[PDB]
Amino acid sequence: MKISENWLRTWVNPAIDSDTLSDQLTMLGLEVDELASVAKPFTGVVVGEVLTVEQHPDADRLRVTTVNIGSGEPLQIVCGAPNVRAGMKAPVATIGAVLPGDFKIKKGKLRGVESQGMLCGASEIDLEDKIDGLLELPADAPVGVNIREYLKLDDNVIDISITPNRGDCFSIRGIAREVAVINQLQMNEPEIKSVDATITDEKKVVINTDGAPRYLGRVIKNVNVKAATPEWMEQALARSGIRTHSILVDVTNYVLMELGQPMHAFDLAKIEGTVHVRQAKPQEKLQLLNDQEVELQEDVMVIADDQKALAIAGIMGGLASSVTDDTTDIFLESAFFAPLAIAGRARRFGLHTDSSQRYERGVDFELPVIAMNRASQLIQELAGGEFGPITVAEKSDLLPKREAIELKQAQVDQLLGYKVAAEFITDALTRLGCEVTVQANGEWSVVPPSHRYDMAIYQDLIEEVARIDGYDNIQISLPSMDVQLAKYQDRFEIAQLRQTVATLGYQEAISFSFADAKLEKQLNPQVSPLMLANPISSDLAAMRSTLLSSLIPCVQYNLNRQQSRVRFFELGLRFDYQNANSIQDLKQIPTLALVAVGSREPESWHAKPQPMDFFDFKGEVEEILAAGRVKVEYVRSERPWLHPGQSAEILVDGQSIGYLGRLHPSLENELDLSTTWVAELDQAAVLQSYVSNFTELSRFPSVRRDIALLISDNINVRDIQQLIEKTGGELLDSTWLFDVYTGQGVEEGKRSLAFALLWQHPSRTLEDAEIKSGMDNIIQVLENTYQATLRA
Amino acid sequence: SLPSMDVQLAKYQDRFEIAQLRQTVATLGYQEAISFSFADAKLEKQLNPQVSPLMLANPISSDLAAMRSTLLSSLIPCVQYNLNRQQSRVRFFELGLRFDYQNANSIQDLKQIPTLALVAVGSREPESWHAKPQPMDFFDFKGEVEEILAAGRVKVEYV
Amino acid sequence: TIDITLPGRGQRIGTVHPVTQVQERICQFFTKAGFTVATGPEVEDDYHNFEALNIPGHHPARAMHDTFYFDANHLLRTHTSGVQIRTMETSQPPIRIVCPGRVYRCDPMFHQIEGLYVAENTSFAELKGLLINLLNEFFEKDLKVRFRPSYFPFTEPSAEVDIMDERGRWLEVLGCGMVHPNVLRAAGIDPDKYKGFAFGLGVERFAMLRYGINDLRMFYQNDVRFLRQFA
Ligand SMILES: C1=C(CCNCc2ccccc2)CCCC1
Ligand SMILES: [Mg+2]
Numbered sequence: 001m002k003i004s005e006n007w008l009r010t011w012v013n014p015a016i017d018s019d020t021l022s023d024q025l026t027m028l029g030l031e032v033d034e035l036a037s038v039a040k041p042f043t044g045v046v047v048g049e050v051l052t053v054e055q056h057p058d059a060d061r062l063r064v065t066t067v068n069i070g071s072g073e074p075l076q077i078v079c080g081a082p083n084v085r086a087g088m089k090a091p092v093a094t095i096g097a098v099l100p101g102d103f104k105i106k107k108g109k110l111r112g113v114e115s116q117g118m119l120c121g122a123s124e125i126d127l128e129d130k131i132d133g134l135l136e137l138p139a140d141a142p143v144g145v146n147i148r149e150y151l152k153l154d155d156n157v158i159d160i161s162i163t164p165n166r167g168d169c170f171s172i173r174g175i176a177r178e179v180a181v182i183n184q185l186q187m188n189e190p191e192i193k194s195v196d197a198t199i200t201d202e203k204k205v206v207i208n209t210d211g212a213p214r215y216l217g218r219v220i221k222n223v224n225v226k227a228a229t230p231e232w233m234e235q236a237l238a239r240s241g242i243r244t245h246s247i248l249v250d251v252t253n254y255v256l257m258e259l260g261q262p263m264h265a266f267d268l269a270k271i272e273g274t275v276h277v278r279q280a281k282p283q284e285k286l287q288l289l290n291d292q293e294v295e296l297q298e299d300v301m302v303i304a305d306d307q308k309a310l311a312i313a314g315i316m317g318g319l320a321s322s323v324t325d326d327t328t329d330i331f332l333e334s335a336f337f338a339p340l341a342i343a344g345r346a347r348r349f350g351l352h353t354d355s356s357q358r359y360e361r362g363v364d365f366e367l368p369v370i371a372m373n374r375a376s377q378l379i380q381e382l383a384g385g386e387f388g389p390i391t392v393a394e395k396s397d398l399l400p401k402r403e404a405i406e407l408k409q410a411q412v413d414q415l416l417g418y419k420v421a422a423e424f425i426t427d428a429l430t431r432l433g434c435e436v437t438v439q440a441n442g443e444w445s446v447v448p449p450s451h452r453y454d455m456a457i458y459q460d461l462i463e464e465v466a467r468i469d470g471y472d473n474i475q476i477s478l479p480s481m482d483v484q485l486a487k488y489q490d491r492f493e494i495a496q497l498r499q500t501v502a503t504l505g506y507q508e509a510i511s512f513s514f515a516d517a518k519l520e521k522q523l524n525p526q527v528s529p530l531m532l533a534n535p536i537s538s539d540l541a542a543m544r545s546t547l548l549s550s551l552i553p554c555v556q557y558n559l560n561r562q563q564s565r566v567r568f569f570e571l572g573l574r575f576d577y578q579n580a581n582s583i584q585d586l587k588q589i590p591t592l593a594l595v596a597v598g599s600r601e602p603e604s605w606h607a608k609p610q611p612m613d614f615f616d617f618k619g620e621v622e623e624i625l626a627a628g629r630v631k632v633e634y635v636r637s638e639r640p641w642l643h644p645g646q647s648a649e650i651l652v653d654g655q656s657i658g659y660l661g662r663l664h665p666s667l668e669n670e671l672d673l674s675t676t677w678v679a680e681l682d683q684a685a686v687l688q689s690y691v692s693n694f695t696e697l698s699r700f701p702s703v704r705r706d707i708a709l710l711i712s713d714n715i716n717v718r719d720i721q722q723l724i725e726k727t728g729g730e731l732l733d734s735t736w737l738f739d740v741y742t743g744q745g746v747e748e749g750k751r752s753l754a755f756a757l758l759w760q761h762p763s764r765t766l767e768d769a770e771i772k773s774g775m776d777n778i779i780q781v782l783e784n785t786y787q788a789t790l791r792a
Numbered sequence: 477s478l479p480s481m482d483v484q485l486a487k488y489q490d491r492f493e494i495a496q497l498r499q500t501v502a503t504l505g506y507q508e509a510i511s512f513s514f515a516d517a518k519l520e521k522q523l524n525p526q527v528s529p530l531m532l533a534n535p536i537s538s539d540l541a542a543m544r545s546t547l548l549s550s551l552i553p554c555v556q557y558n559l560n561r562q563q564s565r566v567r568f569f570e571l572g573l574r575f576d577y578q579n580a581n582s583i584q585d586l587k588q589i590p591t592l593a594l595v596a597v598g599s600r601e602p603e604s605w606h607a608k609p610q611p612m613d614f615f616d617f618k619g620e621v622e623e624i625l626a627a628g629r630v631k632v633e634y635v
Numbered sequence: 094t095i096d097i098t099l100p101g102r103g104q105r106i107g108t109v110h111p112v113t114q115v116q117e118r119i120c121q122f123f124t125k126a127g128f129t130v131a132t133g134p135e136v137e138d139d140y141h142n143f144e145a146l147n148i149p150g151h152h153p154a155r156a157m158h159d160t161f162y163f164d165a166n167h168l169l170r171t172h173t174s175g176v177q178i179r180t181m182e183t184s185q186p187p188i189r190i191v192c193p194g195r196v197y198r199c200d207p208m209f210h211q212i213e214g215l216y217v218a219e220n221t222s223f224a225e226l227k228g229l230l231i232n233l234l235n236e237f238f239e240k241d242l243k244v245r246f247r248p249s250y251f252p253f254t255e256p257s258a259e260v261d262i263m264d265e266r267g268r269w270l271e272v273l274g275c276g277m278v279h280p281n282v283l284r285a286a287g288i289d290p291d292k293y294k295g296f297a298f299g300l301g302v303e304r305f306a307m308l309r310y311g312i313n314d315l316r317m318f319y320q321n322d323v324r325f326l327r328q329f330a
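As they're listed, the protein sequences go chains A, B and D.
Per the entry's author numbering, the first sequence runs over residues 1 to 792.
Per the entry's author numbering, the second sequence runs over residues 477 to 635.
Per the entry's author numbering, the third sequence runs over residues 94 to 200, 207 to 330.
No lab work stands behind these hints, which were simulated from the structure alone.
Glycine residues also receive a C-beta, built at the ideal position from the N, C-alpha and C atoms.
Warning: the hint list may mix true and false statements.
Which residues of chain B face chain A? A few of them, derived with a C-beta cut under 8 Å, are [unchecked claim]:
hint, residue
1, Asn524
2, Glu623
3, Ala627
The calculated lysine-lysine pairs, modelled on DSBU-like cross-linking and capped at a C-alpha distance of 35 Å, are [unchecked claim]:
hint, chain 1, residue 1, chain 2, residue 2
4, A, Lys104, A, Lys40
5, B, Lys608, A, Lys608
6, A, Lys285, A, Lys270
7, A, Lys631, B, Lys487
8, B, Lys487, D, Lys243
9, D, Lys240, B, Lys587
10, A, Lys631, D, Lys240
11, A, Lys285, D, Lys227
12, A, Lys419, A, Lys395
13, D, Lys243, A, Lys726
14, A, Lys419, D, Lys292
15, A, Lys772, B, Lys608
16, A, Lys608, B, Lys631
17, A, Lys631, B, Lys618
18, B, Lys587, D, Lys243
19, B, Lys618, A, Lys608
20, A, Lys608, A, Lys395
21, B, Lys487, D, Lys125
22, B, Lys487, A, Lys419
23, D, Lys292, A, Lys109
24, A, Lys750, B, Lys608
25, A, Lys203, A, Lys281
26, D, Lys125, B, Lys631
27, A, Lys587, D, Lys125
28, A, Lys487, D, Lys243
The shape of chain A in the complex, shown without the other chains:
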């Protein structure tokens, strides 16, 4: 809300500069976004009266004139302003003037005619005029005073942004009360005069709803809808951000900005019979005062009659009841609408008017009777008419109740943490509009005023004390608590996971949780992703079923900017939504993603840069898993976006916790990614707890043995290793593969594997008999299970 400071000064003049006044509003809960002068600063521009005008100089269409700005020997100046009456009085910038933009007119001569300033400025003075040459309309004549004082151009417009809990401050009266409370002054409201009824015309009461507990309507006949809008009311609405229309709409907008009670005038000749404040019929149609025609619902309150509908209650009037240039008699509405009956309904049709936002929030319910006298006073004074009686349709039992709230000094001391004087608590509340009665001895019984809708519990009153006393007077303290040692089990912390993945050479990326549905389909063509209902773009519309749908665009971002090697990792929430019949079946799994393209290590003199193979990437994933004491078995993955021959599924206790392997080379070409290495791991599996158990160490030397198998290439080395460990027994404590060979000497379809057998004894020293017995037992079961040949 933007309001004029001078208009605010007419209610409360605190005799302080504009800076400290805006500081008081911000420190009161009313954040001032901007305080600027009505017009940009300029020095030297007084008012003059044009005497004579002569035309046709220098061809084209100009006119040389002489203006008397109080100077003894006034000079001339040329201009081409197309006006009507010649000899008008208009402010004129002098020769030493400094109009905005360094427009210091240096006099000189306009082709012979000596000049002395510029007697114009329709738009050069920051005024918003329609026709060119309308510099200073000849409304009157301030007799040569500075233009900054006649139109009050040095006034400041205060752009206040007020929170919805302070619906009372959406007006000059609401802001002035705040400025009066903080400065211990009393607001001198302008004396309102009621209009006496001379005629006795119709009326109508309707209680078909509960959202209008107080309605006031006045029939006023023979009004001048084409009346002149005065400069003071036009400017007050202008610098408050409100446009000018007719004389009746400007008055209702003026009282709306002055008191906060919205009003609306109808065309009485277009109201048939009794007026109704009712709920709309299901899918009832209505054409508003704008060209927009809306289709209502049966929960939107409207103001109708015995046949049609006239307006949406407190939101926007209709075109069928609008006051046109053929309007003679009007019906003035001044009602209070329940905020619960207006909230949200205006946003359905893309509407947000000054009457809408004020009725959705709290509006003074004791104000309809006051705004009716305000408009009727201004209508008769500025337009005139035959005024009738005031129709009061009031259901006083359903008005917004304001029961007494109890507040004790102990509650204010507990919540604020510091003691505020009981004289301060009573004085601050009683000037904000509350009627506080000192119950008992130390407690109070404070009732909230009729204009404030944010006082319901005692904490609301405590917030009011800290507001008026000042938030800069909040004493500093520290909370206290008991030193209790919380339960904690040894685990792989998330911070230690980052340090490991960063040590392995990966940079932490943070991509959007939503990605493109098309890229999500490219990775997994059988995916059913969770789609947003209102995404900002097509590429951010699908909640990522895998972190690749959002990391790949980040990789492509760098690859397109001369980056051969980019390695990312993210933590890392994916959204599993497949095989789900409802959104409550959605699974949000925190995961650890790995994306690597380019060479393993940066370019150096040690070797030519070459991308990783599967075992370089597996060696990094095996260390991340080993860093969390995770025991893992690997099996071939069948995920669509993976190379089926070089992609593993990471299983623990038989169930999968993630995958690792390169992207499917077809997807690499569709995305222009060269060779990429991707992996994802559940954080719950990596960041797991662990427990170490001590086992005794043998004190006698171990024995090392070698076995060289020639086996087919279609049997995994894990099954060979697992079989050796089982048949080896308890004496065989560890085994590991150390050589493979698929060159000359081995037939196609087979490979020569060399395993290392380490035999350990818990108590004694190994004899050659028990070792050879185990060696012969292992080679025999290997020849029987897989049909292999052994050596030593």
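Add chains B and D with the ligands to chain A, keeping to what the hints say.
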């Protein structure tokens, strides 16, 4: 009962934590060792023959008599311990104190500075089918030390 | 297409020492609860190790045999008391610190954590509660703890806590007590306006009971097979 205190956010500047250093060195393939702060004077003189060792007045033995001027005088015995038990590859790192007593005219001139040491014997990676086991060169070891310095935003120059 | 079960080409993850793991586990209980870890030199003098702990000098609490020394006023730490002394002499209460680190005695090198808490008021009741849930949450059991009275020149009343470990046995795990007024007064802290307690536990004692180790000589032989068991 439990003690009560005022929760106050203590001063803290971003830094390379000691717990983050252990994780980086462990990812490089080093096991944390804790050797005695006193070592043998013979090995202390074998490393630096011009050393001025801080020696104990009542040492528990001959090999635990001199406070270590370098962590190597106490880590080398542990490296030999594993080697005397069929351990081809042993990679240690210790975060303890060394006692600089060189060019000191009195005991209060002693400088007890905390140090991070690295000892590596054997191949850089455990025995696997990818390559025959071979010991590290200077650039394998420099690449590890460079990453430790890089993990703490330390800019260095080598002479 | 290649065999996906072959071992990867990389580096085997390292190992953190079990003594440092237990040390980090005990400290994290206090670290994320208001206490700050403090450290200091291991070669101390005589005042910060004895005279400032309400030990007059030739008192029976000296035992010059089992304490490594160099001169007559320079020795190896028997406990991390110097850091707690210097913290009290420079800083002012409230003081909430835990002091880990290795100490030395002639038997030879072991670690022990010694906490210190000095505020406007504390009591023996708060010391017992903080120690009970420290022992309960460390060992992750519902232990049966015993508080025995003992003597320390820097505490009064002083206590020693046991836990029912092994087979119904009482094993000492840590000593504690309320900071003696002379220890606060000697460091510049008014013993009438400020109260304080302290404690001290051997790390090797906790590590063996936590991991089931019976020969603490393995903690410093540093056998790579032993260290790997904690990885
Ligand atoms: C305490 C100390 C002494 C250092 N040892 C801690 C301990 C305390 C109680 C029982 C056993 C061990 C330093 C000054 C303040 C009070
Ligand atoms: Mg409030």
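Query raised in the report: When the hints from earlier in the document are held up against this structure, which numbers fail?
Result: As far as the earlier hints go, 1, 7, 8, 9, 11, 12, 13, 18, 20, 23 are violated by this structure, in ascending order.
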